[PDB]
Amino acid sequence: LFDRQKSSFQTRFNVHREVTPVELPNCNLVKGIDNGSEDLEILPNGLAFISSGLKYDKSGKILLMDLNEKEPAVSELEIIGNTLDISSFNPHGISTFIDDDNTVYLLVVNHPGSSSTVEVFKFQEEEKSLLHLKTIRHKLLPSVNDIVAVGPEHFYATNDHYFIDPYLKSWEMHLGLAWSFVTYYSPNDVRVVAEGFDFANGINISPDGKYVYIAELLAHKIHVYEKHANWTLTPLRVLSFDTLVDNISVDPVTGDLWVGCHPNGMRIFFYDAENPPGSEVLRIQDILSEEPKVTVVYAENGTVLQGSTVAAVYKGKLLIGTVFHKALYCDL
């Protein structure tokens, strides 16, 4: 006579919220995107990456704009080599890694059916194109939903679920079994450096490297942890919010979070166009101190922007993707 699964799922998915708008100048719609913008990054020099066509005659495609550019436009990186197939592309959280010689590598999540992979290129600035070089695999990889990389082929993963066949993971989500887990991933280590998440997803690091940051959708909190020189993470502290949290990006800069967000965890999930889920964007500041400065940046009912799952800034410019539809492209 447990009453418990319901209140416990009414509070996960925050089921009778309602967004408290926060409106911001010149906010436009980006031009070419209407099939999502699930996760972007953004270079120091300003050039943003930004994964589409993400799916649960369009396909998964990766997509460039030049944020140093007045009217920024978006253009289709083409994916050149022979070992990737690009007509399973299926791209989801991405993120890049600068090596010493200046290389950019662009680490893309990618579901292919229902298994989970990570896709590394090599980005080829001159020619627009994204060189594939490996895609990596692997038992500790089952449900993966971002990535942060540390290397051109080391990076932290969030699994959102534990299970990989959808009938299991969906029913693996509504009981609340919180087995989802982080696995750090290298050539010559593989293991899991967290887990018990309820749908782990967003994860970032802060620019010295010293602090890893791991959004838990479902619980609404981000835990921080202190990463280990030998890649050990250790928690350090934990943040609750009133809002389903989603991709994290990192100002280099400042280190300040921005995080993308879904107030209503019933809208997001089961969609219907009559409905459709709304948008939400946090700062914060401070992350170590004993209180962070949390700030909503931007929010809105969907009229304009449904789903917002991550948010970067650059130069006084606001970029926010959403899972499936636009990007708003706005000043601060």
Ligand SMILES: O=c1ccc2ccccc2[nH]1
Contents of the next structure:
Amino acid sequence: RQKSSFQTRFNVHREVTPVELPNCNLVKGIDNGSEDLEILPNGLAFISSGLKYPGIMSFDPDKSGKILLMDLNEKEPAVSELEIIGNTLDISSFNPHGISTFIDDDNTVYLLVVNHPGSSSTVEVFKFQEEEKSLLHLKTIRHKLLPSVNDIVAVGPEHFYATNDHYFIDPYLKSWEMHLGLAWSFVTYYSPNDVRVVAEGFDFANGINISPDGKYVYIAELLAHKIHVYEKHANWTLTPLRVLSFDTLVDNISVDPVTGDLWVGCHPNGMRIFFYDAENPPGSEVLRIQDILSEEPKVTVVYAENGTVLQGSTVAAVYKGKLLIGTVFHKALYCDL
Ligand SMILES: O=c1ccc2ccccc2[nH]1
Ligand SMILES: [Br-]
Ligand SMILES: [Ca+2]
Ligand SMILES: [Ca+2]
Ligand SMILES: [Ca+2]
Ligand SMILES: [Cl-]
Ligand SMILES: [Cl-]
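Please give the corresponding structure for the form solved in complex with the named molecule, as opposed to the form solved without the named molecule shown earlier.
Every component of the complex follows; first up is the chain already shown.
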């Protein structure tokens, strides 16, 4: 009964059938995670890195996190570290997790970044200064309905849906909440005048994103192996539309703005990503989901492996025939499709 729910939540028997791509390279300079990433229309890619998550491996617990930038229009894109400026943020404790971008009517680019300084959660709002390759911190957002934020999707400069992957803030309590299988994780709509729960009762809600026309919201429920599709309404509420099931732990969801396809980074075996073992490291798996509203969504494994190259894939996105894949605490891979 408990064996058994544990073995299925954590997919503890799963081994990964490989699925290769013609030409993949490790992104040089990423060795401490690349948990989330987001690619602008112009090919600039933001990557958050250095996440320290309780119970989870990290190779440099003393180094603070960073937001990296890659220009994917380059033949061999090199990463650089974005300089964060401003006096409203303590960088010494920057511990970045999910991110999302919003482009205003004036073409100002805002970056929203989930941050875990100590045990806590905030969402930091930055303005991207392209010529300078820097991030100007604008605002720290925190809220009782954002106790344990995993990812967000922005729908304005300080308006977003956020997944909380746990109900509790304290990591000792979170650990009990997860192992007891309470499924109290929930999703919050945040805006300046109006903050509310929009969906609830998830077993580790994680990735979240939105269709390019703004009518559907997708939420990954990691330990249930589901992605939930909701209709999103003009008053910002969500209503359940459908649920897809997978044989893998789904992490972050990227949405291709031309087709609306989902690109999902996934953990084939949960035991390996939650209990790190250098000799038995977590693998990587990327799904593409097409026609997600149709009667049978088309799901393809685009890339899959056991960890000998890339460990703990959480996120994948595409840009002009290339695929960039990030991980919780390891490296990043850039691939021809
Ligand atoms: O976004 C996250 C954050 C932590 C984490 C831990 C184990 C597996 C997947 C995870 N995803
Ligand atoms: Br450019
Ligand atoms: Ca995100
Ligand atoms: Ca639910
Ligand atoms: Ca995530
Ligand atoms: Cl708490
Ligand atoms: Cl569709």
